[PDB]
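Undergrad: Residue strings, one per chain:
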Amino acid sequence: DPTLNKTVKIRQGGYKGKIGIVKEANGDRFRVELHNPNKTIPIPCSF
Amino acid sequence: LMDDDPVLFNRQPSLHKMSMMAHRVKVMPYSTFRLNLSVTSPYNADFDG
Amino acid sequence: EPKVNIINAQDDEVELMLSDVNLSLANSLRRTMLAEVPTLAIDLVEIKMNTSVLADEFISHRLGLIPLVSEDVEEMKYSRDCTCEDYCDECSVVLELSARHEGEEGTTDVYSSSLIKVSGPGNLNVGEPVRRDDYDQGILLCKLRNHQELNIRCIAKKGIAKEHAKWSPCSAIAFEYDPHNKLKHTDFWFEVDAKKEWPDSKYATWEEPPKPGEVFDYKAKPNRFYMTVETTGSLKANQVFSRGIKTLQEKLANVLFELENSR
Amino acid sequence: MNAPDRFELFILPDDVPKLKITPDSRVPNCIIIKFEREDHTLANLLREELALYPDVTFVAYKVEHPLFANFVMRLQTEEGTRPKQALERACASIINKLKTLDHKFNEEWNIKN
Amino acid sequence: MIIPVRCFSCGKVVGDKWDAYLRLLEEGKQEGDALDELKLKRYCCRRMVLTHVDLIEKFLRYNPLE
Amino acid sequence: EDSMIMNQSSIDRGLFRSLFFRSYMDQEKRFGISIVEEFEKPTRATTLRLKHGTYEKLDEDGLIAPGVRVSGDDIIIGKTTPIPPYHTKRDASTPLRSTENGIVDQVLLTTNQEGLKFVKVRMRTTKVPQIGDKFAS
Amino acid sequence: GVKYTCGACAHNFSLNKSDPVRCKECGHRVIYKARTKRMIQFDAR
RNA sequence: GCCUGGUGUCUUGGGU
Ligand SMILES: [Zn+2]
Ligand SMILES: [Zn+2]
Ligand SMILES: [Zn+2]
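Heads up: the sequence lines are chains A, B, C, D, E, F and G, in that order.
Quick note, the first sequence lines up with residues 749 to 795 if you use UniProt numbering.
Quick note, the second sequence lines up with residues 437 to 485 if you use UniProt numbering.
Quick note, the third sequence lines up with residues 4 to 266 if you use UniProt numbering.
Quick note, the fourth sequence lines up with residues 1 to 113 if you use UniProt numbering.
Quick note, the fifth sequence lines up with residues 1 to 66 if you use UniProt numbering.
Quick note, the sixth sequence lines up with residues 836 to 920, 931 to 982 if you use UniProt numbering.
Quick note, the seventh sequence lines up with residues 28 to 72 if you use UniProt numbering.
Please note: incorrect hints may appear among the correct ones.
Listed next, with one range per pair, are the computed distances between beta-carbon atoms [what the hints assert, rightly or not]: (1) D:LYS20 - B:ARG470: 21 to 31 Å; (2) B:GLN448 - G:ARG65: 43 to 53 Å; (3) G:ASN43 - C:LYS51: 54 to 64 Å.
It should be emphasised that the hints constitute simulated quantities derived from the structure, not laboratory data.
Each residue gets a CB set at the ideal place from its N, CA and C atoms; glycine is no exception.
Given these sequences and hints, build the entire structure.
TA: Next comes the structure, spelled out in structure tokens:
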């Protein structure tokens, strides 16, 4: 997949506007390591 | 691990048999183990660390 | 039937007596003003340069605590409810700060008055860091010495105190009732004589002492609740009391809606 | 690391109803109302109001665990009245009292302005 | 480290009163009276100003690392 | 039984919050006349038995830069050792401790008494009081 | 290539790893990496 | 295109 480890911004949801990095991109549901709190979240690709 | 699974719970030093009793899991937020207060006595447990 | 008698008033605190209501309503009003009255507060800090002696999130943490003018916040949407792509003019205020010390001597103190509003939902009066006067520099953020620079971009968002205490419009809420303990809701601790050892309420002269003969009225209920609402300047005191009532109404309204729709 | 999101206190998940009514068939005319994403703030307000109505024979609530923002209320009424209807009446009374209360504060406020 | 923005216990803003407090001490006022003039009446707010220790003046002396 | 309730709003305004700092040190070792380890971003094609974590936060000098957030098992110092008798080296890199996270704060680069390259990476994070943390009068 | 900073005189310069580890200006042997190009965000909580 | 290895022996300081 061509978007792992590239920096990302979230445009919908409660985490809208936050920076992150794609930690794991298995399918449809991504794992973004958010920068702002020390947590890695599951998130849909539309976001 | 899910609700009502039995697990064996234990505090060292295991001086007698009620140092190891089976409890039912309830999954909860935050990172401590929670005990109902009336079991602190057989474990000789308290919450000072 | 509820009655109000305002004992004192000024911009940032209202002292008032509340009467002919239930205890639970006075308490729910107290809680709502602390916890659920929306305000505006910094919630995202983009640090492009920070060569000061303070750590990055330390400075960011102080920024979140700066009270912002939140007067027109009711027409503003929550970020989580907006239909747009990333942020925009309808769900956030953008603030900017830039300080620097030129010269090999002395210290440049960075104050909250250097926060410059850059955009915002015009022409609503929201987003300026609150000031007492016009010559008041405000809240100390950092201190700089020769060649140290601080250049940050802050995103302010609408929120409520349930999520984080920086969004609370109140500070303390003083609250008391029945200064002579006629209802007997407390049983006083004493060494020798309970009346001499316990100080008087500051509202002792607003109600009359129990007569020495008087029997206990087991039907009397609490009925007069004196409270003082102090604010931080993010909202005026009269707005907080009004919006507390308003917010509490929609919550009850929302419950009422759900019952007539579940059938 | 295991702290839950603080916004979960008031934001309702899409598959979770704000309000759920079930019967308590063990006694006649009794319902259990589960309130999601609410506090003592709402609950205590409704509870006292309801208790002063003549046709409410039992009202109580508990917040079962402070780490979860919910509570459950139990409401039993006598045979004539339907509990769910009585709850609507309690709601409208308080909305009215607060509307009145907001009005009387505004009037008194301008005089001190 | 540097004066807190808010009182921990009640939330009243105290981060704008630190400069005013040091100036009052030069004029010879006693600590209790200085706090009184600033209208910090509850003792939760008073602890914040009375017991803060200003270490940032010491950290700035270490000649900048750029 | 000796626990205590803390006011969550006090924590929000900064009560008992603290900084935490951890430093990692590494240096190049000598195994022969011209056989030395080398700081670099190791290419997967030329180095065997690579770690499972991400290498994408290293710059070209083999060192991570200040300001980048790191999580557990991320590589922050890339170093290789050649295999004795291409495709000749073995990874000898240092990952962040698995239970930690934070921001890289400062990276020292220098040489030691023996003249080989020498680095230190200090990481900072902030610890916020929570259920289970310990306090005492 | 990579920005550095002199621990004594604060001159900025680059090095492509094979250069010796010193400051061009004063010869100081303690140097520091400059901060990342990327933007850093914090939640101010 | 599945598998996937990072040390030991001490000493010292601590927790209940
Ligand atoms: Zn918007
Ligand atoms: Zn205080
Ligand atoms: Zn130099």
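Undergrad: Holds or violated: the 54 to 64 Å window for the beta-carbon distance between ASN43 of chain G and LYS51 of chain C?
TA: 27 Å, violated
Undergrad: Do the beta carbons of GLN448 of chain B and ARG65 of chain G sit within 43 to 53 Å of each other?
TA: Holds - the Cβ-Cβ distance for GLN448 of chain B and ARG65 of chain G, about 47 Å, lies within 43 to 53 Å.
Undergrad: Please check whether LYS20 of chain D and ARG470 of chain B have a Cβ separation lying inside 21 to 31 Å.
TA: 26 Å, holds
In terms of the numbered hints stated before, the structure departs from hint 3 and from no other.
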